[PDB]
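A single chain, nothing else alongside it, follows as structure tokens in the form deposited in one PDB entry.
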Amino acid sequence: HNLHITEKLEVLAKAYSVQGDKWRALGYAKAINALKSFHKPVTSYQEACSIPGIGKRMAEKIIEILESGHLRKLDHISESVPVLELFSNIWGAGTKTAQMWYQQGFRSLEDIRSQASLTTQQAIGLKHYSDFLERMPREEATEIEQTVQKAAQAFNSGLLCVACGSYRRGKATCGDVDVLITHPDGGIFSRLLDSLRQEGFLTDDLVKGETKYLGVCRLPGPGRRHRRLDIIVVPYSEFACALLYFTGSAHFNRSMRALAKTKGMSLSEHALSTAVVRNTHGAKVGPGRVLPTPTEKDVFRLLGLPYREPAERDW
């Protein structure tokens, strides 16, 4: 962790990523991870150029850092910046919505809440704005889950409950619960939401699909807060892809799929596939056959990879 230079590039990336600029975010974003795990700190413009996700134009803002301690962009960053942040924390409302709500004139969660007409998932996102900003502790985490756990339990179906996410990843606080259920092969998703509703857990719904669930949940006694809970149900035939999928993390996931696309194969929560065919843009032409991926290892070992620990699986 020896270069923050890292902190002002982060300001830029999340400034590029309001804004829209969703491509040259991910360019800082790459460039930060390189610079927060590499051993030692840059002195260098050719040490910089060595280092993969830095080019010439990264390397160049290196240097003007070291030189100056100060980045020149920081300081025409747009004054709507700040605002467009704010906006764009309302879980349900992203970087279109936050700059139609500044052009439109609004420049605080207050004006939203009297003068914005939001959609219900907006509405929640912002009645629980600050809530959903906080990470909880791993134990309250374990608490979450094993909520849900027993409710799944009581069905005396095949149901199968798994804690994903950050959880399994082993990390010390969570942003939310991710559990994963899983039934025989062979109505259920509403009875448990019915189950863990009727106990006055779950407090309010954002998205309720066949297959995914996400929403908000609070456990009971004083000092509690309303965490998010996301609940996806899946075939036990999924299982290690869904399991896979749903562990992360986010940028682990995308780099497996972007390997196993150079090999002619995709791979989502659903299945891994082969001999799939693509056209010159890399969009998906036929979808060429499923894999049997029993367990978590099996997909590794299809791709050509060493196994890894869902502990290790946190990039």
Contents of the next structure:
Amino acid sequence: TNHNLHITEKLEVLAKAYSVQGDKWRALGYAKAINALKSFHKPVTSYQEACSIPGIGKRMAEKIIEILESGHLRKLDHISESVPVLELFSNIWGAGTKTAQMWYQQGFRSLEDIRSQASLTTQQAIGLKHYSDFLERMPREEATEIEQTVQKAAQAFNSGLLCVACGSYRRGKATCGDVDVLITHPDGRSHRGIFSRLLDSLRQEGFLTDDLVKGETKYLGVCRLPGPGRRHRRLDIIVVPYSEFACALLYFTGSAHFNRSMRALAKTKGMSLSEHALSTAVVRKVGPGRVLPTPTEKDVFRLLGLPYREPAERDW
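Having seen the form deposited in one PDB entry, could you give me the form deposited in another entry?
Below: the lone chain, stripped of partners and molecules.
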């Protein structure tokens, strides 16, 4: 458990401020700093003590000091008054920092303003209409029901189709921001020509209420379980050939920061990691390299010279 909440709680505000304003790299710096402070072992108390920590340098250590000596972060007192609004706006699925800034420059300050006067993409309109629902994390139990709803509908076409809920669900979280379902078939071919039909079925069943993104093997949409007391939830589905199962599973289980770190490691070792496969002899890109055999997730860690980590231990 986090031993420096008195520190992170302050930094998160600043990290979020930079994020919504578009300074993504700086925000990344803060995010990683925060992840460190959190996954630490004992409440930090010294400057030199902070600096040592990977992900914390002079400037960050200085800020962690001001927090422990004054219990305050003067920087927080100078956050632009546009931030709360930029955050409100970018919390609409489909709208990022650029759109939020544009809307802000156009004079908009509330979702009422967005609704009545802003230009909205099809995705943003859907994000807006489910604004409150998409900000909520659902109980794990509900995520199971959604997974089962997809698996059932899928297996109705081919009982052999393998369906696994990945993301935060597979990492064992108590609550889930959405549901991520990976679909493949051990026969290495039956997975083809199903996606479309699956969506139609789920749609005719009234389960899928809106689509956000629909690609060849990737679907991002909105669903809602039957009955009263149900809210709309985000649902992501990916269909992959069995030969890419391990890497697809690894990718879709995350976390995002874990994936980025793992991919970064692969890069330093002349390799390349994607949801498709782990490649070696990659000429940085410029050279495709060779695809390494990875039957299971453990193989990927092995080939990268890493101790296997259970899904629950992949927060970053």
